[PDB]
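Starting from the known structure of chain G, fit chain F onto it as the hints suggest.
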Amino acid sequence: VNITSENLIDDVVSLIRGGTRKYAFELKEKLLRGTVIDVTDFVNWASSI
Amino acid sequence: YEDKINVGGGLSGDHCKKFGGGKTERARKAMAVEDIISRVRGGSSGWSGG
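Taken in sequence, the protein lines are chains G and F. The opening position of the first sequence corresponds to residue 393 in the entry's author numbering, with each subsequent residue numbered one higher. The opening position of the second sequence corresponds to residue 354 in the entry's author numbering, with each subsequent residue numbered one higher.
Extracted from the complex, chain G is given alone in its bound form:
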């Protein structure tokens, strides 16, 4: 007898709002799995909001 079973579960969710659309969604795209957060994009988001 040789029985093996494996189960995995993953749930990811995110949201954002405020500011102009361009800079906000630039922050959104660079934040989601970007792993390298920048300063200039966040300054753009700052002026946007």
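Fair warning: there could be bad hints in the mix.
[What the hints assert, rightly or not] To give an idea of the interface, some chain G residues facing chain F are shown, with a C-beta separation under 7 Å as derived from the structure:
{"no.": "1", "residue": "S406"}
{"no.": "2", "residue": "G410"}
{"no.": "3", "residue": "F434"}
{"no.": "4", "residue": "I441"}
These aren't lab readings, by the way, just hints derived from the structure by calculation. Beta carbons: idealized from backbone N, C-alpha and C, even for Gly.
Using the frame of chain G, we list chain F on its own:
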């Protein structure tokens, strides 16, 4: 043994037993909790949050 009349005799005995037992148990656990909080009352509309 045989003398005036013959007498025959024969006997044999053999027994073998073998018992076995094997048990092994392994367990491993690990837990790590890391939380980061940052509150800044800077005074900028955007730069304080940034």
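Status of each hint after checking the structure:
no.: 1; hint: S406; in the structure: violated (17 Å)
no.: 2; hint: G410; in the structure: violated (10 Å)
no.: 3; hint: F434; in the structure: holds (5 Å)
no.: 4; hint: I441; in the structure: holds (6 Å)
When held up to the earlier numbered hints, the structure conflicts with 1 and 2 and fits the remainder.
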